[PDB]
Amino acid sequence: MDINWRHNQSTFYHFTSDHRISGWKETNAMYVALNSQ
Amino acid sequence: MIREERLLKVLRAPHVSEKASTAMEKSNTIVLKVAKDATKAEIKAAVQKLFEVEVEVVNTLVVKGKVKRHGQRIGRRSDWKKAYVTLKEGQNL
Amino acid sequence: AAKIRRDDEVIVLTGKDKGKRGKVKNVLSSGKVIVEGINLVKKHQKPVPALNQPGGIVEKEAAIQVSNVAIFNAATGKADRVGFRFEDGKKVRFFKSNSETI
Amino acid sequence: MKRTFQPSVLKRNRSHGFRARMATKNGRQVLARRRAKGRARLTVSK
Amino acid sequence: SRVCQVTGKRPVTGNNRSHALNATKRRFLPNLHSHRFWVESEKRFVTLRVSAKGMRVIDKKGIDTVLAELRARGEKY
Amino acid sequence: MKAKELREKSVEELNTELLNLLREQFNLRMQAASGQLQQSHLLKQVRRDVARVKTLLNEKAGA
RNA sequence: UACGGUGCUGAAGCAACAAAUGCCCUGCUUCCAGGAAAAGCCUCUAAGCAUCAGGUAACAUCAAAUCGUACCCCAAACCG
RNA sequence: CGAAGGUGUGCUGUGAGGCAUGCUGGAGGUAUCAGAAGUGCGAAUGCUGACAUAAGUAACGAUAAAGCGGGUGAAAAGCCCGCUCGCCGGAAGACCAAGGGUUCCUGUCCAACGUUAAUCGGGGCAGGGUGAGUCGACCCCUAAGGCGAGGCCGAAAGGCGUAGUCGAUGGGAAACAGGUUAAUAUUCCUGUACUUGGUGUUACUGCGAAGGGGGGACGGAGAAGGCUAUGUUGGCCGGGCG
RNA sequence: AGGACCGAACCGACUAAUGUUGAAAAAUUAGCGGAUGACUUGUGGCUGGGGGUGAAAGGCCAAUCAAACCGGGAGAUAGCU
RNA sequence: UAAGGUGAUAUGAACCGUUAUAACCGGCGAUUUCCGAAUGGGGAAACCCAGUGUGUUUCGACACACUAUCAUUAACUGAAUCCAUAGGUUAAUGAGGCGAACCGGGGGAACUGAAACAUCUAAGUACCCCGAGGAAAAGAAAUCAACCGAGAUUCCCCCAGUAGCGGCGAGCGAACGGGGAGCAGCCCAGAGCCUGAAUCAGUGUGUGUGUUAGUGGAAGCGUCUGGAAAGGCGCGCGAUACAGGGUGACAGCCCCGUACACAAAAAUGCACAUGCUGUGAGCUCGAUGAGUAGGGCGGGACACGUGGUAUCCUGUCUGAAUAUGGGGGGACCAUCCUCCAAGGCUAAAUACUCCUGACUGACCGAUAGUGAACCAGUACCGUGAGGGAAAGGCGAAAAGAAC
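Chains as they are written, first to last, in this note's numbering: chain A, 1 to 37; chain B, 1 to 93; chain C, 1 to 102; chain D, 1 to 46; chain E, 1 to 77; chain F, 1 to 63.
Source of the hints: derived by calculation from the structure; they are not laboratory data. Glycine included, each C-beta is placed from N, C-alpha and C at the ideal position. Hints should not be assumed to be uniformly reliable.
What the hints assert, rightly or not - Below, simulated DSS-like cross-link-like pairs (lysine-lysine); rule was C-alpha separation at most 27 Å, straight line:
(1) F:54 with B:49
(2) B:36 with B:64
(3) B:64 with D:46
(4) B:49 with B:36
(5) B:49 with F:44
(6) B:36 with F:60
Said to hold, decoys possible - Computed spacing ranges between beta-carbons, pair by pair:
(7) B:71 with C:29: 22 to 30 Å
(8) C:48 with D:46: 40 to 48 Å
(9) B:82 with D:11: 30 to 38 Å
(10) B:74 with C:45: 29 to 37 Å
(11) B:68 with D:6: 26 to 34 Å
(12) C:84 with B:63: 53 to 61 Å
(13) B:63 with C:46: 33 to 41 Å
(14) A:14 with C:46: 33 to 41 Å
(15) B:25 with D:35: 54 to 62 Å
(16) C:47 with A:11: 51 to 59 Å
(17) B:14 with C:84: 55 to 63 Å
(18) C:47 with F:9: 31 to 39 Å
Stated by the list, open to error - So the derived list for chain B, only partly shown, Cβ under 8 Å to chain F, looks like this:
(19) 4
(20) 5
(21) 50
Given these sequences and hints, build the entire structure.
Following this line, the structure appears as structure tokens:
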């Protein structure tokens, strides 16, 4: 359980996805930034 | 011919179970654990010459070893080989 | 070699049995000895459903250290240290203090 | 969805197996580092 | 490889320098040509990959002495 | 038994070789694995005794 | 009948019609975009061997080793 | 006759601090005066472990659906048996390949695992279980492609490649019906078969290759014709007359 | 006959709604396009990082791509926090 | 060596042994499956398939041995072609692969610094590759010096952050000379005289010493607290032994040891001596390293960035003199001094620690010290290269809790 918890905390450490906050969290930040311009 | 020094090392134990038992008491076949590298000619010759009976035909399967564990330490057992030795009409053992 | 050995009579120097004599039952390669009637522990063991079931509190002897015993002189009647001399190509033990071969 | 690891034993061995690490200079250096690090299984064979 | 079989001339390395002195790596190559040398003592043509001053030293030392050197150092011709 | 095996001929260590394997070894594997054979030390001493016969047999034959 | 079953016995066992995307069919027709290889298989001989060896046919006899074989497999057993 | 440490109390110094002592602890501590520092933490979206918070809150993973009787049990909505009800039925049935690797079957246990309970389980423990001349692999042959004696090439490592040698997803010998195990079956048993090699005898006889020829040897589409699997109906046979 | 027509398997992904600490790190449901072809699919093989491949989007190259991943130079450098 | 043993978790069962053929320790042997350079062919490592020869009183099947490639040498064969070479076959010898650092050589970055950046730096570093040894390399003046002299190479301390080099920026940075460690010289290019003359190398033997098992090894009791004494108190003894560890609290005298004195059947390392084989001393005379030195062009190394740049190395084109000669002495010339290139060998001082032994620490003590005190390069993660944990302590003794 401890090994699975360390690896499953280590899941989104090297991500790329920009529309999702922290790799996973859905948001509207594309529209927020885009409307700020 | 097969040398007798080879031919003694092949048979290893008689196999006791209920499939073995019904094979003896129903179809003349004695089931026995053999050497892992033992061919059917060696098992046939070794039952011909070590229990002095007449063997009709041998059928050999190989049984895979079970991964057991002690405590939190695993281990596979060990593969062995099982020979279904079908005797002729005149036999005892 | 070994100073205290198997069929030998010793006296106990330290603890719970200080001054008690007794014969060495056996001698364990931990550097311990079991000496009869000396280090009595009160084990109590379960009556296993296999071969015979004693149950109860069995009073065994425990292993004491080899350094806690010394072999009994009986010519002086006290504890005595052991040396090793050669006699006729035999490495014999001997009592110190009167120099007697055992 | 079709994930990336679609296993095949024959491609596992032809690709990353022992006879294929030993087949060249740099795979032998791979085996040398795995032995030197001291590793229970060197290649992926079985 | 580009080695003269007589003089043993490998390609060496160096720099293209420029007017601004920018160092770049280059290779100097030997003038290797594959020439076919008549040997009178054996009555044959032995073809070698010589430099263009392996031919100078064959013209001076003679082809027999040179082949004795190649046979001496295990260079197979 | 180490000098005793050392003082026979090659043919006689082949005889007691085949009798260590034949009579002793096989009958004790069959007897051991069929619930019989209280005395298990026999397996060990037979096995080491075959090691002695093969040792002296290799030492006697040639080098 | 340890009601889980276990043995014994066991009649008729035909015809008509419909019918495949399976089989004849690696066929047939056609079309350009013109549709693997090598062995087994059958044959021809060269060097050689030639009243021998080998080939064919019949009969008899021996052999056919080794490894896989459980179980899931559109899934609670594989990849997620 | 009780050290370090821990936890209180009392006294004391301007402070960092010091001193004494009750209880826990159970074996080490160290004056003074010097010496050396991994020498003092509340912050670094600090690192590691522990524990809170929201909070006994959202959720408990297809809206295919359950109801009752009986059994086992310490306990039954969930397990087993029975009767009903619903769902899939070109699949949510059956058989494999790949992949996994004992999950299979039996007995036994309910700690943890199972998003609940569990007597149940793909969970724990033990025992059992996989039977081949004909199925598949190995094997013979090759495609793409790999490797490659020599060789050509390249600072070295190495690149390419001839002969060759490997490489199936392709070509090449042969078994079917019925029965059986809790668990295997074209493998075991019953019946009836077939294939390829070795050896021996007998009769006839020209045999002989990393060589020649044939064959293997192979497209898309379409169209019917002849069949069969299979199904439907009648006849027959057994049973029912509700 | 047909890069022919309608339409299942099969390949895809146009719209909407749900979902967005999901049942799911890209799906479900209801409709939707192709469906004998420039189709689709299984098994194997080949191409590799300033390189591949690209019916071209800077797309894809193991949930990573205006230059992959791993290890090293390496405690880069940081007039900044 | 031995009275106890059959390795651990890990108890049992069945036994072996006690004065020597239990067990344990050491020397030398024997066996040493399969994979792996893997070597008979192949292959998805630990598997599949052979050929050849020898033997097998049931030789209808078994057992054993050999069969890789390459280099060198030899034998027998052998094309186009006559001779012959290429090629082919067989045999003998050697190699191949792994390994932590040190060493030599072939290639060789960039981030960075210059407060930008390009010359420069980083840096001939990282890394890749080849090769070798217990060390390697270098080495016996065509070297300095300076009109006096020194005398091979290597390493250390100065010289000296000096002279210089330098977008004369950032930076780079000597030598001469001095003090030490260590010290060793030789051979071929070549004939005669003369022989085994020193020399080493390979081996036998003998001696000495060391390694691989070991042996002996001093000396204490009473009483109080206490669960227990090694502690307190009292009185003794050892010490060439009070290094250390254990023992129920802190032991010189309880145990193992320590100081000290001894021990090897066998295998070995080193050093002398000696036998044989190979090898050559010494004398006279002669020779005394040519596509080379030097040059032109391009590049590199020298502290030296082409600059007034000596010197060394060479990719390319050339090209001498050869002891009445030639190289150097920091452009260059003359005078003077010094040395003899174009062939080679050479110990010691020196560098390093995969590995073994002993000892030591104002090193750490379980978030520290190795990533790893514990079955850790494990679990686990990743296709892969690779990444990579957490986790010690009952008690003095299991007496580990009968009922």
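So, going through the hints one by one against the coordinates:
no.: 1; hint: F:54 with B:49; in the structure: holds (23 Å)
no.: 2; hint: B:36 with B:64; in the structure: holds (11 Å)
no.: 3; hint: B:64 with D:46; in the structure: holds (15 Å)
no.: 4; hint: B:49 with B:36; in the structure: holds (20 Å)
no.: 5; hint: B:49 with F:44; in the structure: holds (25 Å)
no.: 6; hint: B:36 with F:60; in the structure: violated (32 Å)
no.: 7; hint: B:71 with C:29: 22 to 30 Å; in the structure: holds (27 Å)
no.: 8; hint: C:48 with D:46: 40 to 48 Å; in the structure: holds (44 Å)
no.: 9; hint: B:82 with D:11: 30 to 38 Å; in the structure: holds (34 Å)
no.: 10; hint: B:74 with C:45: 29 to 37 Å; in the structure: holds (33 Å)
no.: 11; hint: B:68 with D:6: 26 to 34 Å; in the structure: holds (32 Å)
no.: 12; hint: C:84 with B:63: 53 to 61 Å; in the structure: holds (59 Å)
no.: 13; hint: B:63 with C:46: 33 to 41 Å; in the structure: holds (38 Å)
no.: 14; hint: A:14 with C:46: 33 to 41 Å; in the structure: violated (57 Å)
no.: 15; hint: B:25 with D:35: 54 to 62 Å; in the structure: holds (55 Å)
no.: 16; hint: C:47 with A:11: 51 to 59 Å; in the structure: holds (55 Å)
no.: 17; hint: B:14 with C:84: 55 to 63 Å; in the structure: holds (57 Å)
no.: 18; hint: C:47 with F:9: 31 to 39 Å; in the structure: violated (60 Å)
no.: 19; hint: 4; in the structure: holds (7 Å)
no.: 20; hint: 5; in the structure: holds (6 Å)
no.: 21; hint: 50; in the structure: holds (7 Å)
Of the numbered hints given earlier, the model fails hints 6, 14 and 18; all others are met.
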